[PDB]
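One chain follows as structure tokens, the form solved without the DNA.
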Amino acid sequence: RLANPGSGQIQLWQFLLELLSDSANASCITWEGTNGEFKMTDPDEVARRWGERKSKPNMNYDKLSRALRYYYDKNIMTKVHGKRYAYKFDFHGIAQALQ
């Protein structure tokens, strides 16, 4: 489900796209260059920023990683094996989420 940009009601998948849209955020999250893949260069900073957006006290990587795993069975995202803090958007699921 699509939210207004920069909104507190935003879902995690859209928030990550928002961070990736601005190259200035590369010290915490960056595109890998192929097929919707990205890397959290600073996963604790990504979790901190997610906590700030959702005003969720005690947001941390443990909780963020649980939230990302929820997307595996929803065709929104998968974990990329053999890399550090690497994930891949599923744009087949996100195309529906736009509707």
The other form holds:
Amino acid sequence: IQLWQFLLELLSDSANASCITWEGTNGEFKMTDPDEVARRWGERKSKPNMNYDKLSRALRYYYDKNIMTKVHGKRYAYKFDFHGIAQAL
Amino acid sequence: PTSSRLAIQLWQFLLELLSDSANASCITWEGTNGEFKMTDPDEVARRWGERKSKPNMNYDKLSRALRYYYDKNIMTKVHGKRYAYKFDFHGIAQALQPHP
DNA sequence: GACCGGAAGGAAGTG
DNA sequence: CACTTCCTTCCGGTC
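For comparison with the form solved without the DNA, would you give the structure of this protein in the form solved in complex with the DNA?
Below is the entire complex, every chain and molecule, led by the chain shown above.
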């Protein structure tokens, strides 16, 4: 698996709710527990040595590669970008 | 701290410092709890700068690092006491010997 | 001004 | 490459 897919995969499970959620309707999501999620991006990826600090650094390589964007000024909230997302898929 | 790399991270560096009383003037232990105090934060910061060849380094910045260690359970703030922090060896353990 | 933790991104390391 | 690692840098907020 690769990170952008993993997150979608989790979002899909919107029986989760508490730990992650769609904000807007144009690809906008917000971990309402970036800890809970950072664990899961490790449990699955094989790394309990993994945290929000490392998690978000990779979503920043997702900026240059146009795979994802940051929602300017709402906390833990990010924008999915279909442009680069498909170009990988 | 010798175990650290016999066979460079700030927390190793702090241990490196805290292992030699000659450094007492800028940092020292407070108990056998793992608590330590920066007697001279600026002089510590300076020395972390010198090491990473980053000459603009300071306590503002260094302490942001230390703050990221809270999440990795590699240390904690001594609440109230100034420039005072506490190693926790449980997090160092998971760093040297990841046990899933 | 200490202490906090978001948010950015360099830069060498990993599989 | 696809992050991972560990910061360094800047920051507004709260005490």
